Amino acid sequence: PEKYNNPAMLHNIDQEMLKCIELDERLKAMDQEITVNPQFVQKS
Amino acid sequence: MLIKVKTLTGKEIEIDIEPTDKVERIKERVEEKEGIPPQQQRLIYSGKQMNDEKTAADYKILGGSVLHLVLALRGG
Amino acid sequence: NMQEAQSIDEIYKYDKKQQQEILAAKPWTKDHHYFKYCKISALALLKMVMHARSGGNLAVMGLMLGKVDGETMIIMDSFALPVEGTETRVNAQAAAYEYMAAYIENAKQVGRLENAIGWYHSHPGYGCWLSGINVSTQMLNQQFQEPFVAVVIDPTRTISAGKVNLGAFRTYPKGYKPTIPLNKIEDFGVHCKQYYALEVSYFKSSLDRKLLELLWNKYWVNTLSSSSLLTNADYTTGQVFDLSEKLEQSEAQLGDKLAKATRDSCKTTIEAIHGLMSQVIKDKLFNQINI
Amino acid sequence: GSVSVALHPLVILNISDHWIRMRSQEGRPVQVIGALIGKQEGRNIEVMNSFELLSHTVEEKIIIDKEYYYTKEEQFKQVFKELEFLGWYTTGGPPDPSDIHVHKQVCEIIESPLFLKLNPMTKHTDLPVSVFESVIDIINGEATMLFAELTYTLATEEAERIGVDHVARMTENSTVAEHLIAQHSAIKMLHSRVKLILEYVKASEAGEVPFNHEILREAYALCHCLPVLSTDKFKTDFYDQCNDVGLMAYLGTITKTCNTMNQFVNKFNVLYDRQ
Amino acid sequence: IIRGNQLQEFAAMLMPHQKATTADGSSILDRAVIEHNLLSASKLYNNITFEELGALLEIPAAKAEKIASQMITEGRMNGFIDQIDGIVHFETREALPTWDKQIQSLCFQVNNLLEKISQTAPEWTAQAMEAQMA
Amino acid sequence: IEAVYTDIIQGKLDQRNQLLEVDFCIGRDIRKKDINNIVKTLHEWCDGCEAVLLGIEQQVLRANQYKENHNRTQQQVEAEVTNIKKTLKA
Amino acid sequence: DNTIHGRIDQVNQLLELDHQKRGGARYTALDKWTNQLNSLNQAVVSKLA
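Chains as they are written, first to last, in the deposited numbering: chain C, 364 to 407; chain I, 1 to 76; chain E, 18 to 195, 205 to 281, 298 to 333; chain F, 37 to 207, 213 to 316; chain D, 272 to 405; chain G, 133 to 222; chain B, 395 to 443.
In short, the hints are calculated from the structure, not lab data.
Among the clues, some could well be false.
[Stated by the list, open to error] With a cut-off of at most 27 Å between alpha-carbon atoms, the simulated BS3-like pairs for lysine-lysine come out as follows:
1. F:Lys108 <-> E:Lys125
2. G:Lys172 <-> E:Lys326
3. B:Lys426 <-> E:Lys309
4. G:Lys199 <-> E:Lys56
5. E:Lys219 <-> E:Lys53
6. I:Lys11 <-> E:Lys219
7. E:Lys125 <-> F:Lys102
8. C:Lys382 <-> B:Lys441
9. E:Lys302 <-> C:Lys391
10. E:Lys30 <-> E:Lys53
11. F:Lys108 <-> I:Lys6
12. E:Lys180 <-> E:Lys272
13. F:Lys236 <-> D:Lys372
14. D:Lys314 <-> B:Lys415
15. C:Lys382 <-> E:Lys309
16. E:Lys230 <-> E:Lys309
[Claimed, not checked] Negatives, chain C to chain G, calculated, CB over 12 Å:
17. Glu365
18. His374
19. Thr398
Where is the CB? At the ideal position from N, CA and C, for every residue including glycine.
Assemble the whole structure, with the sequences as input and the hints as a guide.
What follows is the structure in structure tokens.
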């Protein structure tokens with residue numbers, strides 16, 4: 364079916380990277396929001 | 001009465017000696033302080049090795065003066 | 018941008034009070050594997066290497082100056098000793114100690130505020146390991162001078178292979194053990219269980235980097251075209267292999299190591315992305331002109 | 037160039053380290069003075085190593101501790117046997133009367149010492165290191181020793197060159218900038234070379250320089266040798282490499298987002314939901 | 272690629288023992304010249320067919336293949352031999368190292384041209400360099 | 133091969149694909165008409181080098197500003213958490 | 395007996411050797427990452443939520 368050497372595969376890999384990056388950014392933002400709640404900072 | 005001993009790394013300890021003692025004497029007393037090996041100590045004062053057998057008559061420590069100690073090292 | 022003390026030059030500060038507090042508290046008395054990191058200045062490495070090669074195949078050694086910050090030994094200078102030694106055995110009878118304390122006293126006035134932090138020894142072409150008597154040497158050096166580390170250099174291996182054969186080692190106290207294996211005894215000594223190695227890294231100054239970048243490059247098909255990302259293929263394969271065990275140990279711990303594992307993987311991925319970027323810039327430079 | 041001076045790539049780095057140590061110790065950069073030792077083979081003076089000296093200040097003039105010089109000389113006559121005094125080095129721009137005041141005391145040690153310069157506030161692409169010699173000129177009255185520039189080389193031995201290469205290979214403002222600036226400088230000066238070649242070709246076309254029929258042929262061959270390896274096999278190999286590196290980056294982005302995910306899970310497992 | 276129709280002079284000044292045949296259907300000089308020709312062909316070629324190889328080494332046909340097989344397995348020349356297609360491969364390059372070697376050649380050419388032009392007219396090159404660096 | 137023997141060109145002969153592969157060739161005579169061609173090619177190479185340098189500068193600037201922005205964000209969240217920690221101890 | 399590294403073709407009576415297997419060890423090690431990382435996230439998601 365495929366040899367995995369055409370630029371289309373590189374473009375697909377890039378597209379997957381730009382979704383994983385967005386997911387990581389969203390998790391980091393949520394963690395940063397959690398680490399500020401006044402309910403927190405006192406449980407540790 | 002308030003003689004000081006310094007290591008090459010930075011340690012500074014205080015001891016007291018009598019004028020008529022020997023170099024071996026101050027050795028035993030400094031190991032009675034801590035517990036250094038006696039045969040692996042090199043004594044330095046004013047950049048000169050201290051002869052052990054010589055009873056302290058002319059090696060003048062009159063106030064505040066500090067002796068230097070070196071630990072023996074071999075890298076064969 | 019030279020007057021300010023950046024994060025690179027901030028390590029060039031000798032705070033007497035902080036070092037005194039560290040040496041008085043002595044946190045190393047409880048944890049045996051307390052020290053892990055060894056940062057070394059560039060010029061110390063230079064002087065060490067030139068002293069090792071100047072003696073030829075005869076072993077040479079010296080005392081190094083530095084401080085301790087938490088778990089990191091920061092070494093800022095190297096120093097040579099006036100000793101007579103053969104290929105394998107040395108004595109350092111009186112001349113070394115007549116030029117050791119005198120050197121410290123002289124350096125107290127020029128501006129050298131550092132003290133004895135360890136010694137380095139050159140082993141000419143028979144591995145980077147602690148000898149059977151060198152381990153006892155570090156025994157009695159550490160027993161009373163706790164902030165301390167033994168540095169071992171191989172001149173022949175460095176001059177032949179092209180990589181720095183440097184090893185920082187510290188030994189366990191007598192009684193702390195944790205039949206000999208056949209894989210950890212050829213790269214180490216027969217007393218390998220009595221000593222451990224420490225991670226070694228180097229630092230330099232901002233002006234050092236500035237002078238290096240303007241010293242001499244050329245390096246068009248020497249650096250800019252040198253089969254990059256491919257020369258260290260065996261290095262990368264070994265790294266990607268041992269990250270497997272690192273991650274499996276981290277997972278076993280979960281069932298912290300994980301941050302170290304992620305840093306280790308990030309180093310390799312960043313390096314090979316840099317290689318790809320170099321290849322891409324080469325392609326955009328040379329291949330795509332005069333269609 | 038009068039006498040011949042061979043310079044080793046060791047004294048310069050010692051001077052740089054001394055200046056850096058002084059700047060970190062005292063903050064405000066000041067003058068630093070050292071001593072040169074080496075081998076004087078005929079008219080060829082080879083400078084291998086240099087050692088710092090403690091210089092005091094009286095009134096507004098710097099005086100070298102000559103007894104310290106004797107002690108240092110006795111010290112390094114044991115580790116470096118056949119090495120003699122050669123001169124002193126300094127840091128700064130143009131020579132100043134303080135340098136002359138230091139060199140006149142240095143002359144009392146050795147008949148004709150050398151003068152070394154290294155500009156740390158340099159803003160130019162030239163090498164800050166320079167070599168000068170003191171020459172008594174025909175100045176009226178008491179003629180001072182003017183510093184005449186000398187011709188200095190970069191003689192080095194195997195260990196020094198190999199160590200220099202090791203240090204140059206080794207290396213903040215992010216690692217990508219470190220990897221990129223080395224490429225940038227190389228491409229900059231390669232483009233400058235290309236521009237010089239094009240300028241000569243244009244000048245030859247304009248007739249300003251005599252028409253040489255030998256350089257133009259090599260230039261023509263070089264012009265014909267730009268499109269290197271436009272074959273399909275090379276393109277396939279390059280795209281294979283690109284895809285391999287891309288999947289490498291994927292496997293390594295995922296393991297870091299896993300770290301972030303674990304950190305978030307650990308943080309959340311204690312605030313909103315106990316145990 | 273020295274051939275057998277200009278080597279009679281060497282054969283003339285040969286001692287009887289040094290010329291005496293090994294009893295393999297050919298002279299020792301014919302052995303040496305054929306082996307040298309085969310080794311020389313191994314450099315400025317990439318892959319050749321037996322029909323074409325049966326002209327450089329003279330030779331009937333398959334004896335050239337026998338000699339090529341003898342050359343290998345003795346640490347002399349590299350390359351494998353096909354027999355279905357009758358084509359022998361000497362050595363092939365793998366693209367990217369060829370790209371690096373082309374970078375070698377191109378940049379050395381640039382540097383040599385710069386050195387030559389600087390040595391030709393020092394005044395003009397100095398003027399151009401000092402104007403560019405301004 | 134006779135042509136190659138005179139060191140004119142460095143090439144490899146291929147019999148499978150029938151494709152001569154040359155690497156280095158000596159330049160022939162040049163008339164007083166192709167100087168425009170070489171000038172054009174050299175100018176194109178200079179323009180390509182300049183474009184590459186500009187792209188490199190832009191990319192390094194973007195990387196630096198991204199790092200600075202991330203560091204400022206971390207500093208801001210650290211300041212907020214220290215402020216709330218100080219406030220909590222009342 | 396693992397003395398000849400090759401295979402035998404019977405329809406054309408050929409003997410194909412093994413002048414193959416370039417340095418693809420990288421790939422297998424790469425696969426190793428997968429065989430870990432999958433499991434790793436399986437442990438991460440299984441903590442709770």
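Tested hints:
1. F:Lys108 <-> E:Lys125: Given pair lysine 108 of chain F, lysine 125 of chain E holds - Cα atoms ~14 Å apart, limit 27 Å.
2. G:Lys172 <-> E:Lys326: Cα-Cα ~19 Å, so holds.
3. B:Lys426 <-> E:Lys309: Answer holds: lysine 426 of chain B to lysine 309 of chain E is near 18 Å, not above 27 Å.
4. G:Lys199 <-> E:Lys56: Given that 27 Å is the threshold and the Cα spacing comes to 25 Å, the pair holds.
5. E:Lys219 <-> E:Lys53: 17 Å, holds
6. I:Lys11 <-> E:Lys219: At roughly 30 Å apart (the allowed maximum being 27 Å), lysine 219 of chain E and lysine 11 of chain I break the hint.
7. E:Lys125 <-> F:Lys102: 18 Å, holds
8. C:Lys382 <-> B:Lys441: 24 Å, holds
9. E:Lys302 <-> C:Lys391: 19 Å, holds
10. E:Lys30 <-> E:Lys53: Distance ~21 Å between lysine 30 of chain E and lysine 53 of chain E Cα, so the pair holds.
11. F:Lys108 <-> I:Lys6: 24 Å, holds
12. E:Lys180 <-> E:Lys272: 25 Å, holds
13. F:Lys236 <-> D:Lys372: 24 Å, holds
14. D:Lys314 <-> B:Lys415: 25 Å, holds
15. C:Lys382 <-> E:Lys309: Distance of about 22 Å is within 27 Å: holds.
16. E:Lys230 <-> E:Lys309: 20 Å, holds
17. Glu365: Since the minimum Cβ distance to chain G is about 26 Å, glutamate 365 of chain C lies beyond 12 Å and the statement holds.
18. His374: Holds, since 20 Å exceeds 12 Å.
19. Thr398: 7 Å, violated
This entry does not satisfy hints 6 and 19, going by the numbered hints stated previously.
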